[PDB]
Amino acid sequence: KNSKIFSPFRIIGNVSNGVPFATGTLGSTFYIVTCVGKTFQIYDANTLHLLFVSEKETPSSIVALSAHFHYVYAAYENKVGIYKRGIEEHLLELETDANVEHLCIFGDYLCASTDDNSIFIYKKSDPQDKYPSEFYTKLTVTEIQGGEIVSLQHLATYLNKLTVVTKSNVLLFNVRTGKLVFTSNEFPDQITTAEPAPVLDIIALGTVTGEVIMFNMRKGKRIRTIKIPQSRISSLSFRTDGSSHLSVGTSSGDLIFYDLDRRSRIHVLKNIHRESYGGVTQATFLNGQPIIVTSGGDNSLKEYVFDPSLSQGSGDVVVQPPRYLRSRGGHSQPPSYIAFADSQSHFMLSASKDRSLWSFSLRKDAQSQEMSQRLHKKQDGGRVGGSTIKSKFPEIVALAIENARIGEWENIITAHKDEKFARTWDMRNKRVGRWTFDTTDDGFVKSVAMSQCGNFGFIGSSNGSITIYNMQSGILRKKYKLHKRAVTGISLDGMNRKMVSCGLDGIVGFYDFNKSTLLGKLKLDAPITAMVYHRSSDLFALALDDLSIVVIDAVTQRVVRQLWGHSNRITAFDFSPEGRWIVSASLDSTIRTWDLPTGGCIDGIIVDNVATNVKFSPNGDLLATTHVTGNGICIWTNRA
Amino acid sequence: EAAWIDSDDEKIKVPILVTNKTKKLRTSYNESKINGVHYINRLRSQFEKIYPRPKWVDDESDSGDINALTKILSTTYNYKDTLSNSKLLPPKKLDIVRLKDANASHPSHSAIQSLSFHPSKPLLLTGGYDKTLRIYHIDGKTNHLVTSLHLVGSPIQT
Amino acid sequence: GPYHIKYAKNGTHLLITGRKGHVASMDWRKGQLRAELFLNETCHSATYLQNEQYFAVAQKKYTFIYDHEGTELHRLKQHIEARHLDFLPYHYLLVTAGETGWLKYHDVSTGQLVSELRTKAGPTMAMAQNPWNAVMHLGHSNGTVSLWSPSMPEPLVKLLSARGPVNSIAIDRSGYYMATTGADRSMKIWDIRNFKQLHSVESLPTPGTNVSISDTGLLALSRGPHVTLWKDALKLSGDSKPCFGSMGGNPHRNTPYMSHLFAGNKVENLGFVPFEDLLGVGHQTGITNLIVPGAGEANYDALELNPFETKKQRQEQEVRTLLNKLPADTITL
Amino acid sequence: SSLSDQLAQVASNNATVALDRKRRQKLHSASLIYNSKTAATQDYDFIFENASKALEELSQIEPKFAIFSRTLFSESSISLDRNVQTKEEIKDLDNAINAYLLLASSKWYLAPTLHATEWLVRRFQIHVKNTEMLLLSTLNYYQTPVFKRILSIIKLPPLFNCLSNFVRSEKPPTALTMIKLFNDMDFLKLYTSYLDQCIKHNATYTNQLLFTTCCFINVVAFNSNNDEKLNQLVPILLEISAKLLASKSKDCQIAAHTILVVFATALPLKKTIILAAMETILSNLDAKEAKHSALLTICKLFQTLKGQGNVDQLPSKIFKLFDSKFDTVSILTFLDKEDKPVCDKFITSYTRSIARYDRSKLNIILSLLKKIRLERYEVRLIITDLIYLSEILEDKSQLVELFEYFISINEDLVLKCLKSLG
Amino acid sequence: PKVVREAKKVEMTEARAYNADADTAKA
Amino acid sequence: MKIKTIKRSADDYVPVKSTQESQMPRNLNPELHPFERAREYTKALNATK
RNA sequence: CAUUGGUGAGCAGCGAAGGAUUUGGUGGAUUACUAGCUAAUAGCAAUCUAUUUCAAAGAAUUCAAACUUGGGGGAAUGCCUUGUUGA
Ligand SMILES: [Mg+2]
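Protein chains in written order, with the deposited numbering: chain LT, 19 to 658; chain LS, 122 to 184, 203 to 297; chain LW, 112 to 444; chain LM, 2 to 423; chain SB, 410 to 436; chain LU, 1 to 49.
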């Protein structure tokens with residue numbers, strides 16, 4: 019499973035996996051710790067710039083995250099790790115196979131709750147020690163005492179008491195003596211969230227049937243009850259800017275605000291996060307400011323701000339609605355296609371099954387941007403035909419990009435699922451272009467290609483026709499008709515002279531683009547699934563249906579190499595920039611490197627998730643691959 | 122009145138001066154160690170200084204009545220009756236969605252002079268000066284053509 | 112940034128000069144901007160002349176005199192690389208010093224260089240006017256403080272008040288006390304009437320960039336981002352020595368009267384508001400005024416300076432101050 | 002941000018400091034009774050003398066004004082300057098001023114209020130500081146000359162931006178622009194808070210309710226096309242109606258009736274909201290004129306219901322309340338008058354309510370059905386219930402008579418109900 | 410003119426927060 | 001604690017009446033009036049001129 | 001007859017709960033992502049400042065210091081240099 023040429027680098031395009039993020043304050047500034055699968059990222063609350071990432075990938079997925087000043091505690095399986103600046107400093111290993119669920123740190127005590135309703139307490143070896151390491155004691159809540167633990171919390175001004183919140187009721191545990199100080203009355207509804215209020219002795223509890231309870235621990239009595247019918251609470255948080263506001267997040271993807279003083283609703287933010295991915299998994303008011311940070315399972319993190327009231331007097335009643343401030347995001351579902359935008363490791367295009375196309379920056383996450391889909395007005399002046407309700411374009415099946423003419427006109431072509439035309443995009447403006455290319459044979463688009471000069475675009479139809487357009491004006495120039503089955507690949511050499519095509523019928527046609535003549539035709543035994551053309555060496559490889567990669571020299575029109583060994587279909591493959599290697603992935607969950615001079619496999623990997631795409635950087639320093647699972651992109655460094 | 126009492130607090134004795142933050146708790150300069158009950162009470166007073174006590178916690182508690208109208212507004216977020224149950228369509232807003240053309244499967248060569256839905260079956264009939272009777276199976280997604288009938292020299296006015 | 116700030120004598124107007132060349136003159140109480148220049152040059156300091164109508168700016172190599180609206184009036188070719196500017200109001204004399212180590216007095220009214228004196232001690236590090244006698248105090252790299260008058264080619268007095276360069280100098284209103292900070296992390300309070308050193312705060316946490324003395328006698332110190340104030344420091348008694356902390360609450364020890372920390376900013380210059388209980392602070396990101404009770408004189412004398420002057424009083428005040436202008440040679444110890 | 006923008010903010014904060022003579026001339030020249038040239042010449046003692054006399058006349062009209070003689074119109078108030086006061090003292094000052102503007106809201110037609118208010122304009126500079134309260138109290142006098150004088154000497158807040166053009170303009174603000182000002186949602190929250198204070202203080206008067214109702218009614222009219230914006234109005238203006246119904250003053254209640262009706266016809270609402278709406282209407286219904294208007298509102302609200310349960314019976318608690326505030330004889334008079342509005346859906350729900358909860362009124366059902374013609378479905382529902390009554394309830398002479406009434410009218414439909422039920 | 414709805418720049422302000430470290434004590 | 005600052009009553013120093021003359025406060029502290037001897041000499045020289 | 005001159009009155013065609021022109025404000029980018037403050041081998045982040053002071057170290061006959069001037073001619077009184085008188 020360990021490559022001798024490649025090694026993991028990091029994952030691009032993930033901001034949050036849905037686990038509740040943790041907010042930490044250093045001095046005046048704040049930072050947000052978000053979980054990404056087996057590692058966490060730390061963003062600056064001011065600019066949402068990445069600062070640190072976990073040095074090593076955790077063996078198992080992270081379940082809980084808590085941050086106190088420099089130190090960050092990350093829980094996975096039965097181990098709680100302590101991290102500083104993204105480097106592990108110490109590992110806490112619990113003595114029970116039960117997996118940790120929740121994590122609370124107050125004072126010198128670290129409290130870990132396992133799924134078996136057992137709470138483990140650690141203590142600092144020295145009062146001045148930075149983090150707890152020593153094992154103090156174990157507290158277990160039995161079914162008679164209460165139900166499953168919902169979350170651990172510690173209210174302010176409580177000496178060595180831990181407020182254990184269970185589904186049935188709330189409990190108060192004195193960690194120092196390990197004795198149950200107080201037991202709450204049983205509640206009718208199942209509790210799902212707990213948030214300490216800025217007031218004393220009051221903890222906000224959220225039920226599964228839209229009830230928010232301002233339970234008073236000192237009195238052991240209810241103080242208030244907000245009602246949210248037909249909703250499920252997922253997060254609670256209080257505004258500490260001197261205004262008594264409460265933000266109640268819900269699994270449906272809504273965020274409601276209540277003004278406790280006036281017993282009124284300020285506003286509701288609808289569909290900030292997708293309901294399919296858990297809605298508002300976490301929403302936290304920044305301590306003492308009107309900014310609220312919200313997250314969800316849709317791979318996005320947002321910030322909203324309350325502007326000052328617009329009335330000089332009675333600023334309390336006239337509350338401005340929350341305003342979008344900033345955010346970072348990625349794909350909600352795994353990317354379908356990828357490509358390297360520029361010669362350097364500069365930018366990377368990604369299109370996913372969520373119908374969104376993104377331009378990702380390898381060198382700074384802040385630079386990553388979504389390519390907008392707002393259309394140009396037609397040159398003719400006729401009205402554009404489209405549904406009034408705005409919907410994203412279908413999934414991108416194929417993509418081709420060139421940079422010979424970036425900034426002068428369109429330079430990207432994309433093919434869509436079950437769509438009879440290919441759309442154009444402009445990388446410089448980062449928006450859809452103004453040209454649409456039709457196959458003109460009632461056939462779906464199966465292949466797209468661009469000439470190196472950036473003047474022509476080739477569209478391969480499912481009915482066997484190749485249409486050639488001009489990118490500058492989007493006017494059709496030539497149409498080639500040789501294949502009777504779907505064309506699965508098109509390429510043109512650097513000199514814009516010889517053109518090569520491949521189709522499911524198994525024939526590879528060789529064309530002279532200047533003279534528009536058929537130089538020759540080659541029949542292979544099996545249907546051809548994909549094509550990669552190497553312009554520097556004039557060699558192109560074809561992924562045949564019989565689980566082979568056939569390399570052909572366009573100059574002489576003969577098979578030069580044939581590669582065998584894959585046990586299933588070849589999802590994708592690419593040439594190395596120097597033209598010496600081919601890296602291919604297949605459904606059998608492996609990536610193989612093929613040395614073309616010798617025509618043999620020199621390296622092999624076993625990936626847990628099938629590699630749907632593989633792409634070398636033009637430099638050759640980085641290899642990027644995408645998998646059937648995971649919203650991000652896996653980046654590999656080339657040890658060669 | 123406190124529902125619970127913790128005896129550990131009365132016995133424990135903490136030093137204040139060890140750390141910078143706690144030093145502000147001292148009532149006099151001479152003292153250096155205070156028992157737990159006083160230590161908590163000092164913390165509570167200092168906590169209020171960080172977060173002032175708002176009005177809602179103290180003065181207000183929930184624990203024909205005129206305020207029924209106010210209460211019902213709080214619980215309900217969508218204040219319009221769901222039009223699904225109502226059998227009577229709204230006056231000014233029409234909920235209309237377009238589907239695929241009926242003629243897309245097999246186009247007509249003249250104006251559609253007349254249309255008719257079959258009383259029970261899902262068929263649509265079109266006639267025109269093209270002198271043809273084209274019947275379509277209106278399914279809303281495909282609309283394929285069931286049959287046709289050309290009537291020579293018989294313009295279809297209806 | 113960074114920004115150097117100088118208030119007018121009557122405290123009605125404010126002049127800020129960015130280092131990159133942003134000069135603005137405004138009436139800060141009523142929020143009215145009089146002039147704003149965006150000279151694409153390196154401005155070091157600026158000062159108001161007889162009144163708010165004219166101000167002078169020390170640019171890269173020459174000092175420029177400007178009008179109320181920002182129109183240039185003169186380019187002072189004779190002043191080269193002036194870094195410090197001061198105005199003797201009664202004498203109508205403009206004073207400059209800089210890397211040339213030349214102290215030049217310029218008469219605004221007549222436009223004649225009254226006298227140019229060679230300091231012979233290299234670049235001048237600090238400058239402050241003694242309002243009582245209008246004798247200029249210059250600090251140098253060798254740690255000496257020299258007192259100058261237009262009519263003497265050589266300093267009236269030389270005082271050794273530091274073992275490194277003197278970064279700043281400040282003089283009380285009465286002209287009786289002088290405060291000097293040096294690069295040796297030392298602050299010394301001097302008695303300039305008799306030339307007797309009173310206090311020596313030998314060790315400071317960091318070198319003090321600036322010092323300023325208010326009308327009431329408050330002593331201000333700035334150390335990078337810190338701003339600290341002491342009250343009654345300028346006294347001959349030993350107990351009045353500035354101290355940062357009292358040992359066991361010793362009543363004799365003089366702890367700071369007030370403190371404030373500009374978290375990420377290195378303080379550029381300190382100026383007390385003339386007749387208000389405020390302390391102006393210039394720093395990298397702009398200007399800020401700190402409220403300092405007891406800082407300013409409560410009882411101004413309208414005959415000399417009036418914050419509430421109208422324009423008609425101003426133009427009358429301008430002429431009569433010009434009529435009884437004191438001659439330059441009158442300046443003596 | 003540029004240096005100019007920050008200084009502009011500094012200029013606004015020190016608007017009333019009176020730093021120099023020119024600033025004093027602008028601030029002191031502002032007046033409601035005197036032109037600029039004469040205003041500048043005046044002294045605070047002169048202005049206070051007239052105001053002191055003016056407040057005395059107001060006190061005769063209404064004793065409550067006499068209290069302000071102790072606080073705002075005292076001889077010591079002459080030396081009181083707002084700028085030198087601390088934050089706590091200013092808030093205390095603003096509470097007194099805000100209270101006065103409420104009393105003066107109804108007496109602006111009297112000349113003394115113009116002289117009583119001049120003291121606050123000159124001394125406390127309310128036209129610069131408390132501009133929002135001053136405009137709101139005088140909002141309904143927009144066509145009067147006094148409002149024109151207020152607009153001239155006043156700097157408009159951001160929310161009152163629509164009135165900017167009518168500053169120092171010969172024409173008074175038009176009724177149409179007044180709708181535009183109310184159209185803004187932030188203004189409605191601002192006005193609602195002000196109107197809430199009036200309800201708390203019983204400071205309302207007829208002219209305020211008339212003007213407030215019209216703008217509220219007109220706002221719904223302007224947003225009738227926009228259903229989404231109507232949805233945003235429901236939390237605010239219905240919440241106002243709840244407060245208005247709480248006022249013991251009958252005029253306030255009638256305004257709530259006027260406001261409530263327009264929403265129901267403008268926007269269909271849940272039967273839960275309509276049911277709750279009645280309970281508030283009937284809870285505090287004491288004045289006869291309110292009772293007349295209320296009953297008109299009750300029937301209109303049901304008429305808008307167009308969903309299953311459109312004519313279902315009232316809940317038990319609601320029915321008892323309605324009967325107490327409206328006896329059967331009263332409604333028989335209501336159905337008697339020829340000009341009765343369409344109320345059949347309510348009568349059907351009321352009719353079915355009688356059968357479920359009261360057996361003694363069954364004779365009243367017969368009388369009601371004759372007076373008002375019910376629609377076909379409503380008749381069918383009534384027959385369906387009365388069939389159930391016969392099987393459960395003992396057969397009575399009145400009960401059979403109600404059937405006999407249906408035998409006379411549309412005998413065939415009576416069989417249809419019987420066929421479906423038994 | 411309708412009500413101007415401008416989005417003013419919002420910059421952070423230092424805010425004091427309670428430290429839970431004082432909560433723990435040892436016998 | 002006990003905090004008090006200089007506070008100027010604008011009405012005292014800027015008269016409300018436009019016709020009234022502006023008040024002229026006086027402090028005879030010598031510290032506010034430097035160069036007593038030099039100023040009187042020049043006024044003597046100007047009078048002689 | 002031609003306008004590749006302006007202003008209009010209408011078609012063909014395009015055409016999913018509308019289409020077009022202009023514009024205010026904020027947010028993210030425009031260099032390659034190792035976190036805030038301070039008296040910084042650590043504290044703070046609720047700051048301490050009731051240990052923050054002492055000790056030690058630290059002073060070139062460089063005791064030199066306009067590399068900084070628009071050209072021509074001078075400079076009474078100044079200022080620089082050199083000598084000189086008398087204390
Ligand atoms: Mg714009």
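I should point out that these hints are in silico values taken from the structure, not numbers from a laboratory. Incorrect hints may appear among the rest.
[Unchecked claim] Straight line, CA to CA, 25 Å or less: simulated PhoX-like cross-link-like pairs of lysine-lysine:
(1) LS:210 <-> LT:142
(2) LS:176 <-> LM:54
(3) LM:341 <-> LM:292
(4) LM:156 <-> SB:411
(5) LT:19 <-> LT:56
(6) LM:417 <-> LS:210
(7) LM:156 <-> SB:435
(8) LT:541 <-> LT:497
(9) LS:210 <-> LT:197
(10) LM:38 <-> LM:54
(11) LS:226 <-> LS:210
(12) LT:141 <-> LS:144
(13) LW:120 <-> LW:342
(14) LM:230 <-> LM:289
(15) LM:38 <-> LM:149
(16) LS:226 <-> LM:301
(17) SB:435 <-> LS:142
(18) LW:172 <-> LW:141
(19) LU:4 <-> LW:342
(20) LT:102 <-> LT:19
Each hint, compared with the structure:
no.: 1; hint: LS:210 <-> LT:142; in the structure: 51 Å, violated
no.: 2; hint: LS:176 <-> LM:54; in the structure: 42 Å, violated
no.: 3; hint: LM:341 <-> LM:292; in the structure: 15 Å, holds
no.: 4; hint: LM:156 <-> SB:411; in the structure: 16 Å, holds
no.: 5; hint: LT:19 <-> LT:56; in the structure: 18 Å, holds
no.: 6; hint: LM:417 <-> LS:210; in the structure: 43 Å, violated
no.: 7; hint: LM:156 <-> SB:435; in the structure: 63 Å, violated
no.: 8; hint: LT:541 <-> LT:497; in the structure: 22 Å, holds
no.: 9; hint: LS:210 <-> LT:197; in the structure: 42 Å, violated
no.: 10; hint: LM:38 <-> LM:54; in the structure: 24 Å, holds
no.: 11; hint: LS:226 <-> LS:210; in the structure: 29 Å, violated
no.: 12; hint: LT:141 <-> LS:144; in the structure: 24 Å, holds
no.: 13; hint: LW:120 <-> LW:342; in the structure: 23 Å, holds
no.: 14; hint: LM:230 <-> LM:289; in the structure: 35 Å, violated
no.: 15; hint: LM:38 <-> LM:149; in the structure: 19 Å, holds
no.: 16; hint: LS:226 <-> LM:301; in the structure: 20 Å, holds
no.: 17; hint: SB:435 <-> LS:142; in the structure: 17 Å, holds
no.: 18; hint: LW:172 <-> LW:141; in the structure: 34 Å, violated
no.: 19; hint: LU:4 <-> LW:342; in the structure: 16 Å, holds
no.: 20; hint: LT:102 <-> LT:19; in the structure: 30 Å, violated
The structure is inconsistent with the numbered hints 1, 2, 6, 7, 9, 11, 14, 18, 20, although it conforms to all the rest.
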